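**Student:** Spelled out from the first residue to the last, the chains are:
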Amino acid sequence: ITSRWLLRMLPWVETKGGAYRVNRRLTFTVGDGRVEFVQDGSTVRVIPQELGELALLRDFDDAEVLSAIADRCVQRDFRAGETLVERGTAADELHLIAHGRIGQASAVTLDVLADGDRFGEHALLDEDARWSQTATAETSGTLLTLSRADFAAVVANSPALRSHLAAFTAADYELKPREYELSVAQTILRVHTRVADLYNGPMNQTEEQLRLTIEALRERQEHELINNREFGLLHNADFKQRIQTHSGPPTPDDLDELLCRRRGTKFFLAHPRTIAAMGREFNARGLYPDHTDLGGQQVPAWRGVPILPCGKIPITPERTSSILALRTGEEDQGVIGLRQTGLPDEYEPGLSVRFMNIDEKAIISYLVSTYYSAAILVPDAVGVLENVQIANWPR
Amino acid sequence: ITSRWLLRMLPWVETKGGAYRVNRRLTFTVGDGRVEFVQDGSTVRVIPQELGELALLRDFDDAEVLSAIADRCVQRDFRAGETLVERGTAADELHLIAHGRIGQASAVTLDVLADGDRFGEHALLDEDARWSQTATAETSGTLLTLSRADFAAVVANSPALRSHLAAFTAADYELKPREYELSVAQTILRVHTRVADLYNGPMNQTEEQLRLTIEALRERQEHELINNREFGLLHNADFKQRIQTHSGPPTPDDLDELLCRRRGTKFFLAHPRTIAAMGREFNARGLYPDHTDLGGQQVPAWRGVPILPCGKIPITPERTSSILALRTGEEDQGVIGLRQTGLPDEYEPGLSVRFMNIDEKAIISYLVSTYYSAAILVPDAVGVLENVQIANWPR
Amino acid sequence: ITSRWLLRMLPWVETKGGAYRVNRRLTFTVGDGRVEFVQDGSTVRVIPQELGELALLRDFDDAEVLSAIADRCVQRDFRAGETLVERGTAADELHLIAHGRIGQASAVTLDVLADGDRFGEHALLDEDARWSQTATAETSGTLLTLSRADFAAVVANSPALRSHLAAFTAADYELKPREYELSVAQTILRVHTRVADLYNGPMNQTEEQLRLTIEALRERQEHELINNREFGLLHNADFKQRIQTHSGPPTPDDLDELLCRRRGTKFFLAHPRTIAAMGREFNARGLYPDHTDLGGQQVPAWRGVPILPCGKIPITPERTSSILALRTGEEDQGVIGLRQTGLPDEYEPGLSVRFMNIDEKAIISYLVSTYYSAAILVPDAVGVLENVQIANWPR
Ligand SMILES: [Ca+2]
Ligand SMILES: [Ca+2]
Ligand SMILES: [Ca+2]
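Protein chains in written order, with the UniProt record's numbering: chain A, 40 to 146, 153 to 215, 246 to 470; chain B, 40 to 146, 153 to 215, 246 to 470; chain C, 40 to 146, 153 to 215, 246 to 470.
Bound conformation, chain A alone:
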């Protein structure tokens, strides 16, 4: 029953066969100290050529070997405050940071690794490797892991890798299309035959129940567009586009930075609690931002970019939320809503309700289905400001 801003703001394009294709160019350089990954929603995998940044694999440029090694790493997720490695424990895994920040405390907190950093190099070659630092995850993120035994197996498989290892001991264009498959929001509406036969004259309780079902399906559509893992703006956003607040509350400098990272931002999406926190920051700064009109409706905005409330953005137990800045369009590479219309039996242009059967207990079943998905044409179309403290008040 709440407002679904993402449903009414995302342009909808018609897919053919319930699938869409987005052509991705992933420019990366070898030797700059940062490993680049390929991200398909929440699943990430290291580019094989970038594996070479690792010294023990520098100048090795055999596609088979690199592809095998890249295929043999395992993705892991870490939460805030979680310890990944402990001092004293023998080192046996190479960890490549794909997202999040990880603080390493030595025997003296050395520093904080970030996206594209590596720790666990020496663990690959020798068995004497021992963790001398404790890695505490300051922020939630992902991490690729290459175990020593698996790498040893890959070495024992390819003679070229063996020879290169024995010898060492003494902008790239990569096109890879991304395929989006339409997801389904489905439900079964069970209407008793008596309710369909009698209560249908002045108002149809069958039609009202169908309306409630459609509203629930639309709410689920919005919740999935925001929070789904495969597709979904919160998770299917580039790791470079995800920013951290400078202080923790959503100060206007953070909004300026969020607008800096991409051209032609269309709007902001945030929880109403987050919008209240942003308003508190505006009042503290002493500035009164203007309000702009979309669709004949006035709405708060920052620098002319409307800020739209979305209750589907999660609030963590630590009372920290996130803000989304996103541009929408097809002619301008942005975020589109993939949806197929012209279904065989449409109650609504995107919907399909079809009679299933009548049970022995005289209960009619209807199948209400809708097909939807989200596509982000270019990486710099959705930016996420994370760890936004929304329970901060003046003191």
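Among the hints, erroneous ones may be present.
Identical chains blur together in the list; that is why a pair holds if it fits in one copy or across any two.
[Stated by the list, open to error] Distance condition first, Cα-Cα at most 20 Å in a straight line; then the derived SDA-like pairs of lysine to any residue: (1) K341 with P384; (2) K436 with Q261; (3) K251 with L287; (4) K341 with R43; (5) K55 with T281; (6) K341 with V374.
What the hints contain is simulated information worked out from the structure, not anything from laboratory work.
Mind docking chains B and C with the ligands on chain A? Use the hints.
**Tutor:** Structure of chains B and C with the ligands alone, referenced to chain A:
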């Protein structure tokens, strides 16, 4: 396949939402020695104010206490010849007669209690109470029972009742609406797919089977309109409107009495055996009643009121049946047939046949449904003459 | 003679029969430590299932027993600074907090209970219970009370509760409609016959007196719409929608929070003194809010939501007032004004003036009547900011 006179004689009114409301006024007086009850078909309950006829509760006029006591009695039914209480057995229950006649034989058959009579008064207060008479049920009927322990509990709950009991030891208008809910006659017609594909050219065995199903549903409708307990003229008729024959055979004096009790009687309903018995009585009296025409059809009548045969009126093993005298109409408060038309998929104006599914065994299922009920607007619209001996011949 | 903003801003819907029905869904969960209540204006009652949060009643799920216990609690209101319980006094009542904050000072001020909190648990079972803390009401509110003797009586009534107590010693959907009945603003206008016969040519002192009567009735309508207890936005607002100021003066952060709690707020209602205090806060913060136009009339606003003055909002002796944020509409679930037009004799579309009689003293009497009420379709349609200090000046 038999004639359904009640289906074709009862006017049919369209209910909204599958429900109807009848406003009942129940005039009763306190202190006339007769307890009045509220009857909703076959379930009966004593009016709380009338409970006061009982001496141990006279002049007590607390609505809460009377309502609780009325709610705490239990309804029981007794058949003819059944013994309710026996001499010598300790008395612990108050019995209020709602219908039927009960002969009490003392240590000398005293008399016969009838509707509104009470026996078991003293059993309420003291534990010494003992049954000194044997109550044999001469006629089937209902009876409300108030146990000593339950009444003691109600006394222990309300201090006002305690004080009134301690002190004693030393036309009313009551509106209460009656709600009628439409009942359903439903069935599933299973037609094999071969029988629906081939045998459909010169005659449809599917359509003929559907016709047989509809006829069976109509027969069930008539049987329920006569014999159902919630609604149904035999049971949902006022206890005052139910009369007993003076002699046992249906003599014309009984028909005159049946016509006496209500104004504008429309017709009589009786079993064909009962009509034969009435004809035998007419021949014995030497009078030849006239026949009147309804719908261009000649029919036997008494005093111009047609007598219609109904085979759905039960015949008891003792060969005793009943006769119904009833007026029909909406403008004149009588008996109406509640029925909702305009169903989503009507084969007939009151019917609804809908395809359910086709089984793995290639059997098509159809759901044939009809919604019906009966309403009696005023109590004096259906009169019943009971215990009519129909196996009596001249000797 | 003052402006009646609520009368001219609330949409008016036509009730049938002088009554309206609002269907309420009350979602509650058992075991989260908070008791949910059902509120009908100013009268509140605990949901029977929620009673189970209490340990001594956990896992007991008998509807009869819970319903009886819920029915047997008594509602009490407490003012600010009022002491409810005192240390040393024996504990005999269970107090469930429905609204307001209550600070408990032990032998060391422990904490402050709020809506949904309970204190007095142990008092239910044993008679040794003694108050060891003093409860001072920091804010006015309501509180449900379950006495030990009443609970003991309920235990002695139901054997199942007895057995469960003996054994222990060793999202839910609840639909319950709310009915609104139209209230009446009525008055009698006494006009002397001489004043009606002579003073009627250039101006009618009868018509001018009638105009004054109508204005007084409209003022009473507004005062009741604001301050009435059964209906009325100040009292008939959800306990969750009532917020407390962070500091006490109406700072813009409080307005942001008030706008946070509900979607599509239409306008604010506050006393002119409260609006002056809000303006003082705006000047202190150094921000100059814009003004928006409603009905071709410019009005102060916050974030584009107009702030309308209402002199009918009470000012407490401690110089603290309240602010109302409310959205109006029927298509969007909000606040509507229930009113029936088409009266038998209308001087104005909502009014009815009818001649009563002429007294022996030659005084004509007229009855001027209007029927009105207010409905809040969903709980999150009226929010109240309470304890707003309006007598604060820069120092
Ligand atoms: Ca690189
Ligand atoms: Ca009586
Ligand atoms: Ca709860």
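**Student:** Could you figure out if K341 and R43 sit no more than 20 Å apart (CA to CA) within one copy, between two copies, both or neither?
**Tutor:** both (16 Å within a copy, 19 Å between copies)
**Student:** Reference check for the pair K341 and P384, CA-CA at most 20 Å: within, between, both, or neither?
**Tutor:** The answer is both: 14 Å in one copy and 16 Å across copies each meet 20 Å.
**Student:** Regarding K55 and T281, is the shortest C-alpha distance of 20 Å or less found within a copy, between copies, in both, or in neither?
**Tutor:** between (33 Å within a copy, 16 Å between copies)
**Student:** Is it within a copy, between copies, both, or neither that the alpha carbon of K436 lies no farther than 20 Å from that of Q261?
**Tutor:** between (23 Å within a copy, 11 Å between copies)
**Student:** Pop the pair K251 and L287 into one bin, within, between, both or neither, using alpha-carbon distances up to 20 Å.
**Tutor:** Between. Shortest inter-copy distance 18 Å satisfies the 20 Å Cα cut-off; intra-copy 42 Å does not.
**Student:** Please sort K341 with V374 into within, between, both or neither, judging by C-alpha distance up to 20 Å.
**Tutor:** both (13 Å within a copy, 13 Å between copies)
Comparing the model with each earlier hint shows no violations; every hint is respected.
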